[PDB]
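**Q** Here is how the chains run, residue by residue.
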Amino acid sequence: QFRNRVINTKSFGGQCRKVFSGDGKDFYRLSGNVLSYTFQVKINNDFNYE
Amino acid sequence: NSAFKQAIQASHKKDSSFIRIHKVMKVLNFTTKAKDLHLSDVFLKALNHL
Ligand SMILES: *[C@@H]1O[C@H](CO)[C@@H](O[C@@H]2O[C@H](CO)[C@@H](O)[C@H](O)[C@H]2NC(C)=O)[C@H](O)[C@H]1NC(C)=O
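Chains W and E are the protein sequences, given in the same order. Under the UniProt record's numbering, the letters of the first sequence match residues 150 to 199, in that order. Under the UniProt record's numbering, the letters of the second sequence match residues 296 to 345, in that order.
No lab work stands behind these hints: they were computed from the structure. Even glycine gets a Cβ: it sits at the ideal position worked out from N, Cα and C.
Quick list of in silico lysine-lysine cross-link-like pairs, BS3-like style, CA-CA up to 27 Å:
(1) E/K318 with W/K174
(2) W/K191 with W/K174
(3) W/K191 with W/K159
(4) E/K330 with W/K167
(5) W/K174 with W/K159
(6) E/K328 with W/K167
(7) W/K167 with E/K340
(8) W/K159 with E/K340
(9) E/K340 with E/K330
(10) W/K191 with W/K167
(11) W/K191 with E/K321
(12) E/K340 with E/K328
(13) E/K321 with W/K174
(14) W/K191 with E/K318
Here are some chain W residues the structure puts well away from chain E; computed CB gaps all over 10 Å:
(15) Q150
(16) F151
(17) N157
(18) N193
Isolated chain W (complex conformation):
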């Protein structure tokens, strides 16, 4: 199970760290401290008939 909030993910640190999500086609503000956050997609399909 995922559990409760432990890290503050939205301390911007006085930075204006815009990222443009090419997926959502929108700008988001990253925190000042997160190392990376990126929006490239993978899709995996497994399909079985018996």
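Got chain W sorted already, so can you dock chain E with the ligand onto it with the hints?
**A** Frame of chain W, contents of chain E with the ligand only:
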């Protein structure tokens, strides 16, 4: 008086089909400048903390 007739018919049919595709598209390419690269503030922080 003895009379006997027999007829037997059997058919067996088997089909196997397979397909694989691997298709790869390039739409953007780039080259970085050699010098004066503006490092991320997170990276600068990491380095200065060293
Ligand atoms: C990006 O890919 C292109 C395509 O191969 C690389 O070189 C180009 O090749 C075409 C086809 O011969 C030429 O018309 C262009 O003049 C070439 N140069 C460019 C800049 O398009 C290119 O070297 C690759 N890298 C970069 C940074 O563009």
